[PDB]
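> Please build the complex by placing chains L and W with the ligands on the supplied structure of chain E, with the hints as guidance.
Spelled out from the first residue to the last, the chains are:
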Amino acid sequence: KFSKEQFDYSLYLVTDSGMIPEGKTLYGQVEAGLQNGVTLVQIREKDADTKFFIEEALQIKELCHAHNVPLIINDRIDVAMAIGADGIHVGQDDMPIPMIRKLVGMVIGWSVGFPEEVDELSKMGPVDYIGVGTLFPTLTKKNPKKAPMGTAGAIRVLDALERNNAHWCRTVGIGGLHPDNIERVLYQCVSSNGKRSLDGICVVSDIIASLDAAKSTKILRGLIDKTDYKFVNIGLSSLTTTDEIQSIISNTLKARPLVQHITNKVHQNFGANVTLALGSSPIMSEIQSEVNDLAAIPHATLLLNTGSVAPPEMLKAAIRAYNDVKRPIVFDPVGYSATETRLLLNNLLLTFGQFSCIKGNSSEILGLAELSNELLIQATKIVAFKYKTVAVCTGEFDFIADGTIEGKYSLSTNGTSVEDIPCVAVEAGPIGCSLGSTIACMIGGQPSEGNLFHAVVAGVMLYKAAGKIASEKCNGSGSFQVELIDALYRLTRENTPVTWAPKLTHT
Amino acid sequence: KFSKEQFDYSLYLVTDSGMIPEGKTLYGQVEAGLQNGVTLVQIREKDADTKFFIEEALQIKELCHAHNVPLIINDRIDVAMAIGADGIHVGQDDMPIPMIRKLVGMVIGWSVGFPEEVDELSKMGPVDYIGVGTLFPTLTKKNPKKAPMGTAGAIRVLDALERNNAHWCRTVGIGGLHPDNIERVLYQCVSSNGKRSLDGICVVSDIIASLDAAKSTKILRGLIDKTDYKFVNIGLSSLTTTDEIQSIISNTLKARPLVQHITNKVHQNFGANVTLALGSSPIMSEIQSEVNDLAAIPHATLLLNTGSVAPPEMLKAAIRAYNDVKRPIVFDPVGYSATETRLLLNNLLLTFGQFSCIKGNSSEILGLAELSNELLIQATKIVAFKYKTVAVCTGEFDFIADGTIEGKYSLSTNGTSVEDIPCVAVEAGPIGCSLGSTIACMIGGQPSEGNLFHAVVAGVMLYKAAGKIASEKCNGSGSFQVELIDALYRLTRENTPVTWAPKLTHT
Amino acid sequence: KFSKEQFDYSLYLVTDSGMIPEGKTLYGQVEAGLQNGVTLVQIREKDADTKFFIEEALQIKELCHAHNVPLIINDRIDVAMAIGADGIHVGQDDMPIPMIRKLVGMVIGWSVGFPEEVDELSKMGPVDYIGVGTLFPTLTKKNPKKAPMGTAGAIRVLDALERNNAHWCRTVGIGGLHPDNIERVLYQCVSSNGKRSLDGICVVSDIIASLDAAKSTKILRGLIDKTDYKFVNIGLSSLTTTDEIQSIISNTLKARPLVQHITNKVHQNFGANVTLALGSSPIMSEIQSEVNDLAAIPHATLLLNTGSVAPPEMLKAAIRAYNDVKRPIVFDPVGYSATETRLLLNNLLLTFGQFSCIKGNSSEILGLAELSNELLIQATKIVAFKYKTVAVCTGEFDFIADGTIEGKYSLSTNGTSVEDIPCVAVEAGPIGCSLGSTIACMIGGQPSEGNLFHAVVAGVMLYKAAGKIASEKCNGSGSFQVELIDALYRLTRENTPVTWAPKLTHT
Ligand SMILES: Cc1nc(C(=O)O)sc1CCOP(=O)(O)O
Ligand SMILES: Cc1nc(C(=O)O)sc1CCOP(=O)(O)O
Ligand SMILES: Cc1nc(C(=O)O)sc1CCOP(=O)(O)O
Ligand SMILES: C=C1C=NC(C(F)(F)F)=NC1=N
Ligand SMILES: C=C1C=NC(C(F)(F)F)=NC1=N
Ligand SMILES: C=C1C=NC(C(F)(F)F)=NC1=N
Ligand SMILES: [Mg+2]
Ligand SMILES: [Mg+2]
Ligand SMILES: [Mg+2]
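Protein chains in written order, with UniProt numbering: chain E, 2 to 106, 109 to 129, 132 to 242, 246 to 379, 394 to 434, 437 to 455, 465 to 540; chain L, 2 to 106, 109 to 129, 132 to 242, 246 to 379, 394 to 434, 437 to 455, 465 to 540; chain W, 2 to 106, 109 to 129, 132 to 242, 246 to 379, 394 to 434, 437 to 455, 465 to 540.
Only chain E is shown next, with the shape it has when bound in the complex:
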């Protein structure tokens, strides 16, 4: 027998019979998975008969204990005791947890997807681990009573385990993880205070349904025990010098970055001007087949603008297209909590991939963070940490938080809370979505060993800067706009940030 503090939840394998490829057995795959790094195993039989169930639990319990890996059994507690399994794992509609413990003394997993559930797990006291929500969409779970909750929904849970100090309860992520997201799920599924993250990733069809369980399992292992998530080929690491702003503007000019705008029509003419003005080239393509090719172009950058007529399967593909190539996405959730359809949509978009920067104004940034002038600072930090990103917040003061944290993940440095991440301010006195376009361009020109945080900061300066200049040569809102673009053009051409009006301080 094992002990609670002996279980290793790193790569937890949940089983499925009707899914194994033709000519391969359940024993066949599960072995391949043990040999190559699976570290816990659940047997899951929703359909078979109590006798065959047992017959195969004994055949697989043997296989496991030979690799010194435990064996949990799904919702059939009796079967579990029957065969001396090492733990059972029940969901929300199964046997109450108190009753389960009154027939065993041994490890229990509870399927949680909501904070309220964690509350009750705690009004119980030392339930030993929990499967966290359905992170993504998956057709492995027949007739499901929840919904793809996202990494944000899984954070909301990790966070309730801290409010409750439920130190005793481990966690695993489950529901549609494959190598195209495992990294991002590990990377953002962390409590705000930074003290706790996931204890392990849990797959079913990525191994069970693989032609090559061996190969597939070695990959997941590889993602799982690595600690740097390099999501965009730019460095992620002390105020921004003028000479830094400089070479940033040099690189972006020397590189002619192609910036793909998926935005409405209004922001569209304007945006492509600002991009052009910065020595870059806009592309307003929202065509799905094309998305793979644009992103492949050198120094290519994507700009996202909630509610743009483009169908979500295409924003999904767009985002994905670019994280595949390690390239920068800037996200501008214009709408947000303004409406029903928009809250819902952004939250969906935010689960499609990793963003390099999210820009919004006081209302937008406050909504995203789930919460003045001090308060703004607070919420920007909150959002930058919560989506692991550079998060800009605009207004008279622009605040710029860096929550990427070098791009480090782990299974519980993680220790750097929300409130410790560096955040700056940019002021120029009293004077939109063209900010998006600016940042996008700045970031897009940066070379390998460049820097993401400085780049965004340069962008917010360059923009706020041009704002003053234009603000002073306008005759009205009409001419301000054409002057704003002009200023942006002249400003980046005379590369002398030392002569710029906007002052950059610490938040």
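No wet-lab data here; the hints were simulated from the structure.
Each hint should be verified, as a subset may be incorrect.
Note that the list lumps identical chains together, so a pair holds whenever it fits in one copy or between two copies.
[Stated by the list, open to error] When the alpha-carbon atoms are kept at most 30 Å apart in a straight line, the in silico DSBU-like pairs for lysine-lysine are as follows: (1) 5 with 52; (2) 52 with 126; (3) 62 with 126; (4) 334 with 200; (5) 231 with 334; (6) 2 with 223; (7) 430 with 324; (8) 52 with 25; (9) 126 with 150; (10) 62 with 146; (11) 47 with 103; (12) 324 with 334; (13) 147 with 47; (14) 334 with 273; (15) 506 with 262; (16) 223 with 147; (17) 324 with 151.
Chains L and W with the ligands alone, transformed into the frame defined by chain E:
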């Protein structure tokens, strides 16, 4: 809690929510049958989730103990332990019995329908009761692995509970039992030594799916603790006197029985000739729709004869019709273990209803008993007993056994073994299917107070007696037949048995 | 038996047997509706056998005569003669009018939907009443041979009734009327000379299909004999004074109204800036679900721009949305008579809800009127009264007609003809879609107590004034645009209407 000795299996109610009539509830029904008959209650939930299960099992355990009746739980032993059930009932493909008892110490049931299963039950020594095979076909059990077994099947199981002598184990019959067959089932489901019969009848749909459980349970009860099954409207209760054979032949003549022949085309024209001899009326309808109107007609009799190219859907329809009217049925299994399709077919027919007589010869009688001359006696006895009927076996001698037993059933008198039942013999020195036709005519004309056993014997005599007479006036196979029909005519007209050739002894 | 002049058309209920809620009878509905407001019944049986039809017309003619209400029969006139009915309603495909009149002498209703039908109903002399076209789409008319016509088409018909002086003819409108459109139908369905209006509303599925005929009938009555259609939460009532254009430009700035533009691409970026310059906020949403939320936002306003790629179902949704909250809609039929598809689409939109302003040019406004300088005034005035709206005609001069008549409606003050309404004009000497956006913004800012008319005027002035000024400060097409926005910016900021170039006269 209860004790194994206190469980009453009289009327055993098994549960099924997905079948309950609109407007009514499980509690609804399960209450009604508690007030009106049920004596034991099993919860069956093959679909619902482990929580909901427990919720409704607790809700019903209270409803039961409220009537001092127990509550068994189907296949889910943990749910039993959890809610403090009084027993669990598993299947052949559910948890092994060893493992179950290693979790509990409380009653266990076991669904059986094959002597080998009883053989193992026995090599375990004191498993507590068994649900006996599928008796009849039922669409309540979704996707089944057995096949309906009939009373013949149930017997073969009871018969292994004595061979292995498992005093300690009780039995209930299950599946397809309705009011149209509970009597017949109770009646012929007794062990071959008469000692052990069923201890309970077990229904699911006859109550649960009833637009009035209250009424339906009252009726089921009425049957189960009644003790006389009067299947034919004739008496059933010391050698046959010449005066008895005489008033038998008068009755059939003064009654002109209508004898419906469902038989092949070669015994067809013949048998009609015999029936006509005996002052009866042949009708040869293998029409389904007509069957019930034919049985209406006064003193109507039915004669079956395997392999008559009427659909079994008709033979079922037909047999049923005459038992609903308590009229007699002669059964002749011409074919039998001669081929395959025949054995199959006869066995299915034998499950359709209750026969007043089963005639056959040497090969047939021996096949039916599942087993010379002392041997035919022992075999005729077995057949008679087994199918609770008067059994004629033809040859040199004709042996006639009476295994009806006044129509008695019990839930374990029943103790009147095979060997004991009355068996006579009729000889007449060295002299076919017309016997059946004759037997049918003799039984047909008896009135409520007449006696089935005598009627048959008269038949065999009369016939055996036309035998001698025609053997004498024949010139070969052709005229022998025409003199046999002729003799039969003369013999019954000059009704004076005091003169006929054959000797009736005591086998 | 009633008289011709004793028929109360107010609320004319038509029958339908197949559409009645399980549990209620036809008697039930009709009765219910009788007590609560119905003033005429017509039986309608396109299916049932003439015996059963009749059993029902009597039963029902009784229930009607008890509440002193007449009963008409549809098209089966013999059935009317047969049961002593008060009138028959026939259609266009039914028995010629003369032939009916030759067999009865009684009241006769005719389903009309085009002027031609009126011309015929005219050169016949004293047909009693007509049922007017199909106003809105409906599935209660199985296999329809017409096409929904809208209140627009209904007016065409009401106008042939004057060109013909058919003073002997009543009208009722029929076809898909429910509480979300009775008011509007009652309000705009009036003769071009205003001398004639509708004599009642006819509903089928609203009462007959209601799960509460009682309540549905009370509501409909409530609306039919009210006299105020307050359709926009603004005033509706002597040249517009400088002080007023000034208090107007304040309300709009101080209230920053959210203006939703459903327009193409080319009026999008441009239109958004005009909105911006006016201190109000652009929303480019063509999202079908947001549209309810957008209109719940304060001082919110909608601008339609025919042909905008937005699906017609969305335009309906959107238009409905704003009327349900009483917020103003600005309609700009750019395309119009230009093509086929456009003319078609524009008329579909016009019958969707109630607009507060329709802007358009010489071409557009001449088209809408179904019809220089003395001419545009005559046409502008028409388009205002026909669609009960403040209607603007851009050109060298700009013409504004207020045809909303305090929002009054009747059953025939109605009498204030196309010519009578106020029409003012706006000159600035010899100097695009911006005007819509401007007017949308003036109207949007207006509070409970404002006045839709002045607001519209203000906008036109402000837009015209802006023109003279940019026409002065421009060096070409492009500069002109940007100078136009600026002038609106400046002009409104220094809210000083006394000093504007454009002169406001009576037209
Ligand atoms: C068995 C099970 N429970 C889930 C939950 O949502 O909590 S997901 C899941 C299976 C999904 O895994 P995959 O996509 O790797 O097959
Ligand atoms: C649950 C179950 N087991 C069976 C077996 O053949 O062992 S039959 C059966 C259900 C049959 O019930 P009814 O026909 O009365 O609805
Ligand atoms: C019988 C009949 N003729 C119509 C026409 O348009 O001429 S409409 C109509 C019935 C439709 O009523 P509702 O849509 O209010 O249920
Ligand atoms: C619904 C489930 C949720 N979580 C887990 C796991 F993490 F594997 F324990 N298994 C499940 N079957
Ligand atoms: C398959 C079954 C067989 N027998 C019984 C009973 F007899 F009631 F115990 N219940 C079952 N569900
Ligand atoms: C087709 C119809 C048109 N109009 C009317 C009425 F309500 F009488 F005006 N009834 C009809 N059945
Ligand atoms: Mg479960
Ligand atoms: Mg079972
Ligand atoms: Mg008609």
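> Going back to the hint list, which numbers does this structure go against?
Result: no hint breaks.
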